[PDB]
Every structure is written in structure tokens, then in C-alpha cells.
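J.: Okay, here's what each chain looks like letter by letter:
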Amino acid sequence: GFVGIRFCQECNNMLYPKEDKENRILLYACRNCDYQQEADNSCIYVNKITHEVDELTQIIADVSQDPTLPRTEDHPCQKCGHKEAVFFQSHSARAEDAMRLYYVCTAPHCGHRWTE
Amino acid sequence: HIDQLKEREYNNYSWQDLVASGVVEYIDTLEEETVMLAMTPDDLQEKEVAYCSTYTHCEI
Ligand SMILES: [Zn+2]
Ligand SMILES: [Zn+2]
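Respectively, the protein sequence lines represent chains A and B.
Using the UniProt record's numbering, the letters of the first sequence correspond one by one to residues 10 to 125.
Using the UniProt record's numbering, the letters of the second sequence correspond one by one to residues 716 to 775.
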């Protein structure tokens with residue numbers, strides 16, 4: 010789980026958390042306005058020390074139409090089942106220790122991505 | 716193009732003709748990073764183990 014900023018309703022500014030001492034609940038107040046709203050996530054901050062980020066969420070379907078990207082036929086797609094597909098490393102800095110590939114289907118209207 | 720160029724000097728044929736015809740193209744240092752350059756036209760395209768088979772340009 011993560012936590013999102015929820016802007017104010019009148020002034021449209023950041024809402025800081027506030028522990029209601031009276032009703033013993035969690036509120037999000039505005040410094041400028043006096044808007045209040047009852048919380049539902051019951052969380053404020055999370056820290057990911059390991060930074061376990063799913064590289065698939067960053068990969069886009071447009072990577073398929075890459076003229077300078079390798080292609081293989083031995084890893085067909087799942088949904089459409091097309092044969093041609095691309096593969097590449099994380100292509101992101103801070104890579105801890107892994108060259109695990111991220112196969113992406115090379116076919117229009119599919120944009121599927123997987124990993125083996 | 717080769718036949719028309721080999722008879723240059725005599726008539727009027729020059730490099731501007733090749734550029735206008737759409738055969739050559741100026742790629743700068745910044746754009747050279749997003750093209751599959753090829754070294755020779757014949758050797759690197761015939762039919763072998765599937766390397767890229769998506770060459771976009773080729774060096775002279
Ligand atoms: Zn406000
Ligand atoms: Zn597919």
C-alpha cells in the first residue's frame with residue numbers, strides 16, 4: 010500500500026493529517042482553509058527500504074516499435090499469441106543486481122508485457 | 716543512381732541530386748543513437764542468425 014495527496018475542496022491545497030483528540034479519529038486539515046474530512050486509509054507515510062519496484066509498471070507498449078531493440082521468436086505472447094517479441098534489461102539506474110529481461114509483445118493493439 | 720552518377724561532370728549530376736532523391740540522409744551525433752546503423756550493405760543483410768534484421772541506415 011501507498012498514500013496519496015488529497016487536495017482541499019475550496020482552496021485546493023495540501024491537506025495535512027490531524028489526530029482528532031476529541032472524537033479519537035484521523036482527520037486531514039487545511040492550514041489556510043478550515044476544511045475537514047474523515048480519513049479512510051488510516052495511513053500517513055510508508056518507506057520502502059528495499060525499493061521493491063515492479064519494472065513492468067514503468068515499461069510502456071510503445072517500446073515495441075523500436076528499430077534498435079532486439080527481437081526473438083521463441084517467447085510468444087500470451088493474450089494474442091503473436092510470435093515476434095522484444096526483450097531488454099531494466100534500463101533503469103540503481104539496478105541492485107539483476108539483468109532479468111522484460112519481454113514485450115511486438116504487435117499492434119496488444120502492448121502486453123511479461124517476464125520469464 | 717550509380718549509373719546516373721558515374722556520368723557526372725559531363726552532364727550536371729551531383730550530390731544534391733542524391734540528397735533530393737531520398738537515398739542519403741544527414742544524421743547528427745544526437746540522432747545517431749536511435750538508429751540501427753549498418754557497416755556494409757551486402758555482408759550484414761543476406762540471411763543468417765537473426766541479429767536485428769531491422770537496419771534503418773548503412774554507412775558509406
Ligand atoms: Zn483547504
Ligand atoms: Zn501480444
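No lab work stands behind these hints: they were computed from the structure.
Idealized CB from N, CA, C, for every residue including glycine.
Please note that a few of the clues may not be correct.
What the hints assert, rightly or not - Distance ranges between label pairs, derived from CB positions:
(1) B:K721 with A:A104: 51 to 57 Å
(2) B:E724 with A:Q67: 54 to 60 Å
(3) A:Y54 with B:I742: 44 to 50 Å
(4) B:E740 with A:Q46: 57 to 63 Å
(5) A:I58 with B:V739: 52 to 58 Å
As the list claims (entries may be wrong) - Part of the chain B face toward chain A, derived, beta carbon under 8 Å:
(6) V750
(7) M751
(8) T755
(9) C767
(10) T769
(11) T771
J.: Which of the listed hints are broken here?
T.: Those not satisfied come down to hint 8.
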